[PDB]
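Peer 1: Please model the complete structure; the sequences and the hints are all you need to start from.
There are 2 protein chains.
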Amino acid sequence: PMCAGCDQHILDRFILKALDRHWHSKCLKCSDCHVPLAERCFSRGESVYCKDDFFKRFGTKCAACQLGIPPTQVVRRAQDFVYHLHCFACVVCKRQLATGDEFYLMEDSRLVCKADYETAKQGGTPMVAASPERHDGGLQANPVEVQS
Amino acid sequence: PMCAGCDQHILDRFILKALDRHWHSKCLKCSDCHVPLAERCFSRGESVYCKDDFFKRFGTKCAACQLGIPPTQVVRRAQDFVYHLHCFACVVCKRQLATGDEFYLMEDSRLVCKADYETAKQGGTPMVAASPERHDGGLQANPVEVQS
Ligand SMILES: [Zn+2]
Ligand SMILES: [Zn+2]
Ligand SMILES: [Zn+2]
Ligand SMILES: [Zn+2]
Ligand SMILES: [Zn+2]
Ligand SMILES: [Zn+2]
Ligand SMILES: [Zn+2]
Ligand SMILES: [Zn+2]
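Quick mapping for you: the protein sequence lines, in order, are chains A and A'. A prime marks a further copy of an entry chain. Using PDB author numbering, the letters of the first sequence map in sequence onto residues 32 to 154, 262 to 286. Using PDB author numbering, the letters of the second sequence map in sequence onto residues 32 to 154, 262 to 286.
Calculated directly from the structure, the hints in this document are not laboratory data. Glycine residues also receive a C-beta, built at the ideal position from the N, C-alpha and C atoms. Take the hints with a grain of salt, since some may be wrong.
If you want a taste of the chain A side facing chain A', the calculated C-beta under 10 Å gives, among others [to be verified]:
1) 72
2) 73
3) 85
4) 103
5) 110
6) 285
7) 286
Peer 2: In C-alpha cells form, the structure reads like this:
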C-alpha cells in the first residue's frame with residue numbers, strides 16, 4: 032500500500048481510501064492548511080483541499096483584491112464583477128461605496144465614484267450601487283438590460 | 032416589440048432586455064413568486080426565476096422532505112444525501128439526531144437510529267452523525283473511505 036501523500040508505504044491500523052488512492056491519515060490532509068481530511072474532500076486534479084481552502088483558491092475572486100470569496104460571504108457587484116464589502120470603494124478617493132451611490136465601472140474592473148469620473152476618464263459605464271448580496275459562487279447568470 | 036411575458040407588445044417608457052427577449056418590467060418577474068426581476072435573473076430553459084426560487088426549485092433537495100436547500104442553510108449529511116436540521120431524525124422513533132449519535136443510513140435515504148436498526152432491517263450502513271455544515275449547493279465531492 033503506497034501512500035500517495037508521502038511515498039512511504041502504509042503500515043497503520045487504519046488506512047484511508049480517497050481518489051482511488053491509499054493514504055496514511057496524517058497524509059490525507061489539505062494541500063494548503065495541512066489539516067487532515069475526513070468523510071469527503073475536494074480536488075483540483077492531483078491535489079486535495081479542505082472546503083475553505085478550495086473556495087479561497089478556486090472560488091470567485093474579488094475583482095479588486097483578487098482573493099477567493101466563499102459562497103458564505105456577502106458581496107457587492109458591478110455587472111459580472113464581484114467585490115468584498117471593504118473593497119467596493121472608489122479607486123481614486125478610496126471612499127467605500129454605499130447603496131444608491133452613483134459610480135462608474137471602468138473597463139478593467141476599477142470603480143470610480145461619480146465625482147471623480149471626469150478625473151479617471153482623462154487617465262466608463264455609470265451605475266448605482268446595489269445592495270449587498272450573498273455571493274453565488276459562480277452561478278451562470280443572465281443580465282437584465284434597460285432601453286428607453 | 033413583443034413582450035415575451037404577456038404577449039401584448041410593449042409601449043412603455045422603459046423596455047427590459049433579457050434572454051435576448053423584450054419585456055414590460057411588470058412581466059419580467061419570477062415565474063414562481065411573481066416578483067419583478069432587476070439587474071440579473073436565472074433561467075432554466077424558458078422560464079425566469081428570482082434567486083431564492085431558483086435554488087428552491089433546482090437546488091439540492093432535502094432527502095427526507097424533498098424541498099430545495101439554498102447554499103445559505105446549514106444541513107446534516109449522510110454519504111451523498113443532505114438533510115435539513117429538523118429532518119435528520121430517526122424515521123422509526125422520530126427523534127432528531129445529534130452529533131455523535133450512532134445511526135444507520137438505509138438504501139433509500141431513510142435514517143434509523145442504532146436502537147431501532149434491528150427493527151428497520153426486518154422491514262443498512264452504520265454511521266456516526268457528523269456536525270452540521272453549510273450546504274455546498276451541489277459541489278462535486280470526493281469520498282474518504284476507511285479500511286482497517
Ligand atoms: Zn503517508
Ligand atoms: Zn485547508
Ligand atoms: Zn477584495
Ligand atoms: Zn472617489
Ligand atoms: Zn408584458
Ligand atoms: Zn421568485
Ligand atoms: Zn427536509
Ligand atoms: Zn429511532
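Peer 1: Each hint should be assessed against the structure and marked as holding or not.
Peer 2: Hint by hint, here is what the structure shows:
1. 72: Since chain A' brings a Cβ to about 5 Å from residue 72 of chain A, closer than 10 Å, the hint holds.
2. 73: For residue 73 of chain A, the interface hint holds, since the closest Cβ of chain A' sits about 6 Å away, which is under 10 Å.
3. 85: holds, 8 Å
4. 103: Since chain A' brings a Cβ to about 6 Å from residue 103 of chain A, closer than 10 Å, the hint holds.
5. 110: holds, 9 Å
6. 285: At 4 Å from the nearest chain A' Cβ, residue 285 of chain A passes the 10 Å test, so the hint holds.
7. 286: Interface hint status for residue 286 of chain A: holds (6 Å vs cutoff 10 Å).
Every hint from the earlier list agrees with this structure, and none is contradicted.
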